[PDB]
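*Asks:* These are the residues of each chain, in order.
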Amino acid sequence: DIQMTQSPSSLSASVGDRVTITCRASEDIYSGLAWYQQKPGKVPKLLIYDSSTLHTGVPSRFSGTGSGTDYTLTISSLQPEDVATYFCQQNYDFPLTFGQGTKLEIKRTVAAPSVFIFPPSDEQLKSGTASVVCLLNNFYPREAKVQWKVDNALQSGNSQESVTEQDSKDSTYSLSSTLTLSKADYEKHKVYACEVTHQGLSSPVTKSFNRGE
Amino acid sequence: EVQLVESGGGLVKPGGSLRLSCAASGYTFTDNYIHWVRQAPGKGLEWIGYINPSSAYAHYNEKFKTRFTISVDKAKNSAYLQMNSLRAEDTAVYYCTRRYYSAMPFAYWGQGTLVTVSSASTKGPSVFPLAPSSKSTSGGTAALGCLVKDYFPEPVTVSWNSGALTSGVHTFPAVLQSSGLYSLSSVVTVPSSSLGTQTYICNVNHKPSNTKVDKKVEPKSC
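Protein sequence lines, in the order shown, are assigned to chains A and B.
Everything in the first sequence is counted per my numbering, starting at -8 for the first residue and increasing by one.
Everything in the second sequence is counted per my numbering, starting at 7 for the first residue and increasing by one.
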């Protein structure tokens, strides 16, 4: 089979940068090369075919070049909506085969998070578990420290974080931290607080509430 | 326009069988082949094979013949991917796709359908409100949401107001809890001035358990 090797596997760059991704085939594919763009959870979108022809709707900042075994995708001036994973595919011989993908991330300026906290719902508490959600919305860079404190005692082992994909328009992230306790453990304490440290904040931000209030 | 719509995914036990369907619309079905492609972390995108709907001739990636069979029903403008003897590592998103036109690459893709190969049982989620309060409202903006907890397998889909509310929505990637069940939250930011006149309903669908839940998220008095 024809093996397709893409490089790099991931890259990050700033708006306005010229970025290059390469695809090498294990044998000559005579310009029979396609490029696809895919956003997380979404379908692949055809970007380029015949190695250098842009598909309907694709902006002119994209270009494809190469011949023989070696091909390149170039974005001349990177834009926030280009955040995606890019895949090459040879269309020359069966079985059709794809490159492993290049994940493209955007670097940009600092944006401080907005911090929100949600006590457990009455609906959930009726069932014997308490989930407390701390939300950091639309911030940059991704790095952030979120600590839970219950009656001023630092917690460990009872929370999980999830971060969104980078936004296609402003290149920011959002992050959830969820503290999960049995209802019994929850009723042993009074003050529940999320403390957030981030580059865009001059000092740590604490969002807090009192159980039962 | 041209559209491919898949159905049939979900949970299957190791060694079991499952059939996906791909319904084609917007063109004469017999004018193009239907191809099947799968996507999983690690091996990435892999091409499984094609079928020519006019002749019912199917051609395969040899790697896949022992577990995958492609067929068509011209009367239904549909192609099918029949899976047999599945392994846990065959968990993947399966796509049907169509070439732009003869000999060209794939311009049209089905939405993708996750097939999860596991011995664990199906579990439908509980849906709890993340109600807006003084602790989630600042600067003219209020955040609110839905916590979707304790489901298996993936995926759940969340919409807001039956799809009419999309701006400002963040549906987080699911996390795996130590219980082996998944959880996620979906949040939205809206004007704080509007909480008394606008209605916000999260629509949660977990097809593997036939779970469909609508939860109205109402403000909390704190």
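One or more of the hints may lead you astray.
[Said to hold, decoys possible] SDA-like, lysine to any residue: derived pairs with alpha carbons at most 25 angstroms apart:
no.	chain 1	residue 1	chain 2	residue 2
1	A	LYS36	B	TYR107
2	A	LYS30	B	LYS213
3	B	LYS226	A	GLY119
4	B	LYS49	A	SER(-2)
5	A	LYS174	B	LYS226
6	A	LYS179	A	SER193
7	B	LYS141	A	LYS36
8	A	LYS198	B	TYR107
Read the hints as simulated data drawn from the structure, not as lab findings.
*Asks:* None of the hints should be skipped; say for each whether it holds.
*Replies:* Hints, verified against the model:
Using a Cα cut-off of 25 angstroms, the hinted pair A/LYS36 and B/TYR107 holds, with the two alpha carbons roughly 15 angstroms apart. For the hint pairing A/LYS30 with B/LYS213, the CA-to-CA distance comes to about 23 angstroms; that is within 25 angstroms, so the pair holds. Between B/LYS226 and A/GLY119 the CA atoms are separated by roughly 20 angstroms; this keeps the pair inside 25 angstroms, and the hint holds. At most 25 angstroms may separate the alpha-carbon atoms for a hinted pair to count; B/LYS49 and A/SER(-2) meet this at roughly 16 angstroms.
Straight-line distance between C-alpha atoms of A/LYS174 and B/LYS226 comes to about 20 angstroms, which keeps the hinted pair within the 25 angstroms bound. About 33 angstroms separates the Cα atoms of A/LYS179 and A/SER193, which puts this hinted pair outside 25 angstroms; it is violated. Distance check on the hinted pair: B/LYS141 and A/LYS36 sit about 41 angstroms apart at the alpha-carbon level, beyond 25 angstroms; violated. Pair hint A/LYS198 plus B/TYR107 does not hold up; C-alpha atoms about 56 angstroms apart against a cutoff of 25 angstroms.
Going through the hint list in order, the structure does not satisfy hints 6, 7 and 8.
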